Amino acid sequence: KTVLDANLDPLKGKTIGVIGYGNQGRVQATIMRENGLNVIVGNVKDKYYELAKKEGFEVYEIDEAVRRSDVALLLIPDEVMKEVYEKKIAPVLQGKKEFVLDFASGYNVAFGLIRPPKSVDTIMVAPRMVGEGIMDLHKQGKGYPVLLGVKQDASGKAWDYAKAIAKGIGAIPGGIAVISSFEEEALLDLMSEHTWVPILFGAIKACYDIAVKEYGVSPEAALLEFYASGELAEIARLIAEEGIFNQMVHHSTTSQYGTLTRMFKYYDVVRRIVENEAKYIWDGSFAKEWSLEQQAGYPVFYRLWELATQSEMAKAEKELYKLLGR
Amino acid sequence: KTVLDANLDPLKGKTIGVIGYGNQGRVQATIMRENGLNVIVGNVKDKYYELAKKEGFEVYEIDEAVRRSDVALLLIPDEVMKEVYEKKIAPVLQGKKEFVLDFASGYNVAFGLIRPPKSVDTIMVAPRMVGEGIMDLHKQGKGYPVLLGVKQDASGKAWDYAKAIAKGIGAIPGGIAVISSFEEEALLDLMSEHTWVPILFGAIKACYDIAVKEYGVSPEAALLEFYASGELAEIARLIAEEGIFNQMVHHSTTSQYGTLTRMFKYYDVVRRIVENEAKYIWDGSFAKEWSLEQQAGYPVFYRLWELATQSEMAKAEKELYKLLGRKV
Amino acid sequence: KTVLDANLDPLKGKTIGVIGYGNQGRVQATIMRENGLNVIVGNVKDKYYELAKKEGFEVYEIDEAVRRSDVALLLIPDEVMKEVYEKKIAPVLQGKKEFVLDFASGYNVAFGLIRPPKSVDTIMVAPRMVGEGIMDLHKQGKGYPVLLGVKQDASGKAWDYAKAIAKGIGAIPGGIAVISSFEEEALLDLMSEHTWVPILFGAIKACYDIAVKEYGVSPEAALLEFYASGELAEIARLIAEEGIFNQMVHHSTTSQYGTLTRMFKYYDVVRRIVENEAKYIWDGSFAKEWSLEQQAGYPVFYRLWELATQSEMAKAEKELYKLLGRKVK
Amino acid sequence: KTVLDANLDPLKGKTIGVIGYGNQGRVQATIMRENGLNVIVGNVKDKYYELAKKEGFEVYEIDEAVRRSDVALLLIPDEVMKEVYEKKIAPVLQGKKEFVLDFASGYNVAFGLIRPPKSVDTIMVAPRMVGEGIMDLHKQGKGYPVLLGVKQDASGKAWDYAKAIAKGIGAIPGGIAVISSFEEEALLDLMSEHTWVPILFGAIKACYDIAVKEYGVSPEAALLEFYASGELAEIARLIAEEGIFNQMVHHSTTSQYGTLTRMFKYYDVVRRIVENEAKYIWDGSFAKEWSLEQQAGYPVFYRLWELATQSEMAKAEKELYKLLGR
Ligand SMILES: [Mg+2]
Ligand SMILES: [Mg+2]
Ligand SMILES: [Mg+2]
Ligand SMILES: [Mg+2]
Ligand SMILES: [Mg+2]
Ligand SMILES: [Mg+2]
Ligand SMILES: [Mg+2]
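Residue numbers (the deposited numbering), protein chains in the order written: chain I, 3 to 328; chain K, 3 to 330; chain L, 3 to 331; chain D, 3 to 328.
Incorrect hints may have been included.
A few chain D positions that, by computed beta-carbon distances, are all more than 12 Å from chain L [claimed, not checked]:
| id | residue |
| --- | --- |
| 1 | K144 |
| 2 | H253 |
| 3 | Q258 |
| 4 | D285 |
| 5 | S287 |
Here are some of the chain L residues that sit facing chain K, going by a computed Cβ distance under 8 Å [unchecked claim]:
| id | residue |
| --- | --- |
| 6 | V152 |
| 7 | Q154 |
| 8 | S157 |
| 9 | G158 |
| 10 | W161 |
| 11 | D162 |
| 12 | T197 |
| 13 | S220 |
| 14 | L262 |
| 15 | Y282 |
Hints listed in this document are in silico derivations from the structure and should not be mistaken for laboratory results. Even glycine gets a Cβ: it sits at the ideal position worked out from N, Cα and C.
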């Protein structure tokens, strides 16, 4: 099912704590205030505390913000969220008889890394839009798409709170709110980061490496074909506006034929990759792998960053981007 | 060897601290007191502290219980034992000149996760019986089987302490005490949890999934065949009383023939699984895997629990157990 | 569907012949009489004839019992049923214009080894409960589960007769009667005997053989871990009472994690075995294999019995069971 | 262990029924009588009844012979023994409180095809010698080898009866009596018939087929190499007299080197065959296969006889043996 509008009433006369004043936090706080909700901000004292104060919000330490709140949006990065939840939020939530904890990312709840108490409505309103894009579309009077989820319905009104927040943050009406789940949103997010993105970058690197090492192509010619021209961004725009296949009518018949035949040829290969990565997300295996990479001090993350940025392709890219003035 | 009785004398006039008043702790404490030994209990103030107080035991914080004790039985879950040992026990043991630390589980000592100091007798008395079963058999005047082990003989009497505790907790006489080790007991415990148990549950799930998806069998018929009837529990009783093969005489010849032929047919397949899991326990690989699952916050444990309890079979089981009026 | 109760009326004023006074026969006869049905017994003159006479039943030769009956329950072992049906029952059934022949086992009808005539309602009421368990639950006023099936609806009332017998034998109400079939019941029974049971015993034997031969474990330690303690029976009870996964909450987290990870790890391997054994049942292949083992004089059955009972594990089990004071062969 | 002599006393003052007056029966009966034992014969009224009568034995129907006997040797072919045991022996044995039933072949008892009652000593005295060979060696005052077994010790003296019969039939002293079993004797007999014998004949046929079809060798040359000369019988004699390897000293060094290297080269291949055939005997699988071949009316036996006797090698053998006058 889909949701095109909602009643804002379950959030009326409630103190709403936006924890974290980053990309998502600033935008979700600002727009909820513009729709006349009582919004405070929780944040450590960074630049982000200052900016929230400067944009007229009551700003507190995270534990205080949660103490004062009936509803909190935990909009901090996933990789620090567990520490902050356990030290500054969970102790306060032992006190509350009723509470609504919202997330924009399913990861930590989906894999059981954060388990709010039985009394807490655990809900998700997860945009598919960067944050600069959300401000832009709100200024134009338009909405954006979100995924909704409820892990734990303590109150019996968790879905109403989720729909309410979706209206509050300016997603609906004008955009859509899709009925989803914490597990589903985490799966979808990670499937992209672990399949089509890395397959795309690998394929582009292999194009460069084969063109240059085996066919005697200049680094600059190879870079200009494989990504360094505008090409990739104007195809990506037509995919979003017209459709992934519909968009192909603007290319030569030679191009259409080559892409269609090779897409069907290699579907089974990329399908096996997608199946294996999806299974490994859904099991919890990826959450264990990444948690243990963090606890080990990021040595694989560190070395793969070095090897990617010191690749023949990355070095040639640096020289070409210098030569073109970027 | 095996041991059928022992001298209780090495425990006489000694304070015996049972750390943890769970399944094993309650029973080992109760029976040691009934055999006239000076038993205190170490435990945080949970429900378990309340029950121990109500059953007439002096109860202390774990560090106090150890300070007051000449002998302690560390009968808490293996998954919290390292933290509790390091924070509440090891500091106290730096003080002691003589001490006996007993375990009912070899795991933490076998994989070096708990290394008591050189002055401490590190011993094991590990039952093969649930705890409800131990109380039942003590009330009937009968013993039960235990595995004995000694990692570290500081005193030169560690084996006497082990045999003594075996008598103390009512294992012997009447039952047996088998000469074993921390490594052997940990290996045996984990071999079951990693081979025949998961193979059994998997085989039962595959029977359900194939019957229902491929042969059009009703969920209810499939559940009633594969486990939801009494069948499994009365075969398990006859295996323990008469023997695993001897027990088969009570089934049809058709059933005997089918089971015998298919057991020999698939032995090599399940043997490969057993070999691989045993090797991976014995190396320490499983201890690293499980320790790292805990430190990562149990995400695989969490998700596999969800996937097992949300399986077609588990959902159908819930509906059928409701319909038959069993707890859900 | 499922059935929780039924009208007993289609069996009222009818003579019901229980053929065979073994585990299932004695119980189904006794309980049908206690519910006020006209029950006679057919049996050869064994100890079982004597016991039926002593428990107050009219007892006859099998052919006589069938001649006198409107309804018969053929509750004899599957491996002798074909001979007895062909010699003592089929000739009598050529005579009858109406008849209800009930089985507690689908095997012989499912694989076409017994094909009653077109005029006979061929029906199945198949318990999932041993027989000592059925008497126990009837004494407590409770029912038990059965599978119902109809191969041949001659009368147009075969399903009513099946539900009726289910009530008659004290399955319902209190228990359930599941709508099933001869083929389905035979498949389900044999799938267990050919997959999870032999896989379990093999896995337990391999645990013993590896622990003892490769890790230097004492026979007695290995036997106490793998089955010779109470362990298996109290897990089997909690599986039936709480559920197969729900039951795991009573074990250590270490135990839960080990079992869950390894169950998912090895599912595909045991699934292949289940697929292969199910296909071989459903084809009739197993019925041919077993029929030919019987006709050959049971030489594989005989030798596999010897090899199982003379295994290192079976010999050690005998010594340990002696030492603990349990029944020893 | 081994047994070189035994006390004949457990058979003294007992009626000994030899059932079957074939190769083994005639010889075991004759020699037991010559050692002063009370020997009667059971047999159907064939030529063999006549011969037993003519050689001075009391001869009866099989059931009568068993009724009159304290000890019987069931020395009839294995492939008829089950029928004869069930119809003419088992009914009589229901009556006996004590009895000793001896076999010269383990097959039927080993695979449970004949199961004498709990009260019967079920024993085996199994020669390794044809029967013409046993008469020959008794006339020379020498013994021969037997395997002893006991399936069922009802009396507690079954082993003494087995050793006694071994002395009775003139095996010991002079020869040996090896402690064995029904299963072991059946296994040993069938291992030969299912491994080295058929491997030998197959290898000889393959030598013929390859020489003739691929190397243009005349059928007569190929037959003269591979078996039709004396070669095979004089090697077989020296193997039995001197030893399987010791015997090789009489051949060229070229021959020794070729045989030693190729024996070690192919050991693993023939070992796999031996393992597979032994396992299939020991399980009871072969007993089921053969019983079902008989019940199906011998169609594989019949067709394989045709294909062996109608092979290019068998036809050429017939022409050559005609030409040499055999
Ligand atoms: Mg994404
Ligand atoms: Mg265990
Ligand atoms: Mg059965
Ligand atoms: Mg069953
Ligand atoms: Mg355990
Ligand atoms: Mg031979
Ligand atoms: Mg030569």
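Ascending list of hint numbers which this structure does not respect: 4, 5, 6, 7, 8, 9, 10, 11 and 15
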